[PDB]
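*Asks:* Here are the chains, one letter per residue:
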Amino acid sequence: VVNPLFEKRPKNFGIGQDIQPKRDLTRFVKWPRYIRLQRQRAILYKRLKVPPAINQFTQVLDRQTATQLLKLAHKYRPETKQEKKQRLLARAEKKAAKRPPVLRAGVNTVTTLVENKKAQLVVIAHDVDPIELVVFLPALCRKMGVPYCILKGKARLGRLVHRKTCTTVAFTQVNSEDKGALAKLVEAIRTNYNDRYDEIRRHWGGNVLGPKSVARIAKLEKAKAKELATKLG
Amino acid sequence: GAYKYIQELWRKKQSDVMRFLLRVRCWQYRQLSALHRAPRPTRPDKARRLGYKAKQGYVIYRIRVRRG
Amino acid sequence: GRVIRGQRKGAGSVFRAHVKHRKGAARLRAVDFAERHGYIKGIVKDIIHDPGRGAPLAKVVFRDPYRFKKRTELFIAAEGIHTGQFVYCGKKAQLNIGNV
Amino acid sequence: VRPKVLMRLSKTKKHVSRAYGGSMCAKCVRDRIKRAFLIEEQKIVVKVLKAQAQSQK
Amino acid sequence: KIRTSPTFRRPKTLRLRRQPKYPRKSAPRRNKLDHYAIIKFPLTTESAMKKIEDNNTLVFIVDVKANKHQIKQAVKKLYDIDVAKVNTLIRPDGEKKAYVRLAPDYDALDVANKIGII
RNA sequence: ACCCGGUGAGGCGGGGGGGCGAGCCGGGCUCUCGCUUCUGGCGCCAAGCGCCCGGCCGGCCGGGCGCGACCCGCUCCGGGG
RNA sequence: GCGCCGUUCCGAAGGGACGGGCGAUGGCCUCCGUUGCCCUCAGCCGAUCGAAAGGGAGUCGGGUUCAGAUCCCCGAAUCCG
Ligand SMILES: [Mg+2]
Ligand SMILES: [Mg+2]
Ligand SMILES: [Mg+2]
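Chains as they are written, first to last, in the deposited numbering: chain G, 80 to 176, 184 to 319; chain N, 2 to 69; chain A, 2 to 101; chain g, 59 to 115; chain X, 39 to 156.
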């Protein structure tokens, strides 16, 4: 049935026996300078002693709470440029013949209404490129007694609004329909952050070496542990 | 607002957070070229004091000077 | 008074080396998988005399294990190597003259 | 002849009708054939000796 | 996608052609090297007349910016005659002397009497 | 952080898989190895296996993916610091 | 600071070509070129200048002028596309 001329011809990929195939070589790419910069920058963020004012952005509110917070923030999204023209056209037709509460974006408006004590929940993006914009705001919400949460990605927070990026979002006023779920989110965010902000202040960052050096130190420590075990017996 | 907090946060440079930020920024800018474009300011508050606004045609160049 | 001869030698443009008739730089093979773990074989094509050098050099033809192309190297020919000789190179190579 | 002249010459004028035609002399060609046969036969002998070593061991 | 080569060259991005909204200049420049401007005058030298009478040619004086194909098409257009070949030289006066060898079907003496030179 | 060397930055570190040695009662455990040395030969653009679907009439013609060619990683490997 | 160093050195340094798929055109829309996109392939070495004695394909004879002749005329070829 089968053709006996079909010879199996394996290549012996030994050292100097045959040519080597074009395997995966993503680790050994001579990357460009900007990629090589942005990788070892995050490596230095893993290595160096991160202060707690920057380490507070490393703890992110989890996925099951973040989805409910996005579901709550989708109801109170601000106006569109076309919706503004539609409301102006409706106002013009009303002139020819109470505003709903919306979001308050931007660190300026957010901090002014937090010192005015109007916020009930303050959403923070963890990944701002100048970090000094938002360092003071968690401790400021701690002092004012305002619940603050920190989420991954400023793009997903800036696509709630009709923009690109957004650092801080305030929940000033909500309707009677969206009160109980807002209180259940405020309670979880408060017990996550405001009850345990002192441990966030005590928690330092970094001091984590690379995997090769950790493996070498662990190899020497396990060797010395096996030695000090086998002398006692 | 937030700009006064950002202002004295850039003032208090001898603290641990700010020494860490100056060290990481000086490292990153030393790996960067001698003359390039920063599309957004590193000090937005100091830029707004000097007269920078957020509109089209206002560009910021990050350059280095050899010290001494 | 004038600029002395040892100072004039450091500037250049007269006292530079005569590197026209020289064949190339007598450099060994770079470190890789074959130099690190096992070994790789290469023939001695011909031994040539390099100008400005007492040592004769050797055109050693290696086979590249990654791409199909025969490489050449300018080895420093030690005393005892003849042409048509298989110079091995690597960690698992044997200890004899004409082997690194 | 000079090398750019070789566009004018025909195909048979530039090489010889043989394996390694116009590149290698026939003595080194037949020596290379002898070597390419005998190293392969030596590899066959080494494979038979390895099979016998695995048969005993 | 696996990385075959260890080098990372620049990826072949897309670029577009020139589709301008308005041209740079308003009008295209007219041909200032016309056929009438590229031929100044034929010579009335005794040696030039001997060359015409013997070797079936015509001797012209040409602007220095010309080509042999330009002189050939200019003689073919402004004399209604076929050209065998054109031999050019630049005189020490400055202009280009052109020996236009004609085809033997027409006569150089006849076309010289036709254009007036003698 | 900073400095030097090599590369066309080509297999770096751990965890797997297999064989060769020692001791204990088929089993785990400490270590080494990973295919090339009698010869001036040749060696690339996959063989083999499995899963698919496209067209034509169990058969015909043209393609893709994974094994072969282990997995996870955070600095290209080293040398100073 | 006019600019200087540096020629492979702290570079994302290619616009190239084989084959396949898709649409748009052109010509007895047969069959093929032309461009547009995608898949796929690729090492090079430094942009550029630098010898009228270096390397460098291919022309010789006779005749002609007051001055030009491997150039003009005649007869023979020859190189490249
Ligand atoms: Mg001087
Ligand atoms: Mg030149
Ligand atoms: Mg020359």
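Calculated directly from the structure, the hints in this document are not laboratory data.
Warning: the hint list may mix true and false statements.
For each label pair, taking beta carbons as the anchor points, the in silico distance ranges come out as [as the list claims (entries may be wrong)]:
{"no.": "1", "chain 1": "G", "residue 1": "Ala311", "chain 2": "N", "residue 2": "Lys5", "range": "40 to 48 Å"}
{"no.": "2", "chain 1": "N", "residue 1": "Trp28", "chain 2": "X", "residue 2": "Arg67", "range": "19 to 27 Å"}
{"no.": "3", "chain 1": "G", "residue 1": "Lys87", "chain 2": "A", "residue 2": "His50", "range": "35 to 43 Å"}
{"no.": "4", "chain 1": "g", "residue 1": "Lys71", "chain 2": "X", "residue 2": "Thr83", "range": "50 to 58 Å"}
{"no.": "5", "chain 1": "N", "residue 1": "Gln32", "chain 2": "A", "residue 2": "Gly81", "range": "24 to 32 Å"}
{"no.": "6", "chain 1": "N", "residue 1": "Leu33", "chain 2": "A", "residue 2": "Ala31", "range": "53 to 61 Å"}
{"no.": "7", "chain 1": "A", "residue 1": "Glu80", "chain 2": "g", "residue 2": "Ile91", "range": "41 to 49 Å"}
{"no.": "8", "chain 1": "X", "residue 1": "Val102", "chain 2": "g", "residue 2": "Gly80", "range": "50 to 58 Å"}
{"no.": "9", "chain 1": "G", "residue 1": "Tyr113", "chain 2": "X", "residue 2": "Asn105", "range": "27 to 35 Å"}
{"no.": "10", "chain 1": "g", "residue 1": "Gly80", "chain 2": "A", "residue 2": "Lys93", "range": "51 to 59 Å"}
{"no.": "11", "chain 1": "G", "residue 1": "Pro297", "chain 2": "g", "residue 2": "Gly80", "range": "52 to 60 Å"}
{"no.": "12", "chain 1": "g", "residue 1": "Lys69", "chain 2": "A", "residue 2": "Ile48", "range": "32 to 40 Å"}
{"no.": "13", "chain 1": "N", "residue 1": "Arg41", "chain 2": "A", "residue 2": "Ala31", "range": "37 to 45 Å"}
Each residue gets a CB set at the ideal place from its N, CA and C atoms; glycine is no exception.
*Asks:* Now look at each hint and say whether the structure bears it out.
*Replies:* Evaluation of the provided hints:
{"no.": "1", "hint": "G:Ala311 with N:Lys5: 40 to 48 Å", "result": "violated, 55 Å"}
{"no.": "2", "hint": "N:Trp28 with X:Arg67: 19 to 27 Å", "result": "violated, 58 Å"}
{"no.": "3", "hint": "G:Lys87 with A:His50: 35 to 43 Å", "result": "violated, 51 Å"}
{"no.": "4", "hint": "g:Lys71 with X:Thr83: 50 to 58 Å", "result": "holds, 53 Å"}
{"no.": "5", "hint": "N:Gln32 with A:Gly81: 24 to 32 Å", "result": "violated, 50 Å"}
{"no.": "6", "hint": "N:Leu33 with A:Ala31: 53 to 61 Å", "result": "violated, 31 Å"}
{"no.": "7", "hint": "A:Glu80 with g:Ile91: 41 to 49 Å", "result": "violated, 34 Å"}
{"no.": "8", "hint": "X:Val102 with g:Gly80: 50 to 58 Å", "result": "holds, 52 Å"}
{"no.": "9", "hint": "G:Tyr113 with X:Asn105: 27 to 35 Å", "result": "violated, 52 Å"}
{"no.": "10", "hint": "g:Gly80 with A:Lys93: 51 to 59 Å", "result": "violated, 41 Å"}
{"no.": "11", "hint": "G:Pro297 with g:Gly80: 52 to 60 Å", "result": "holds, 58 Å"}
{"no.": "12", "hint": "g:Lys69 with A:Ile48: 32 to 40 Å", "result": "holds, 37 Å"}
{"no.": "13", "hint": "N:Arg41 with A:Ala31: 37 to 45 Å", "result": "holds, 43 Å"}
Consistency with the previously given hints fails for numbers 1, 2, 3, 5, 6, 7, 9 and 10, ordered from lowest to highest.
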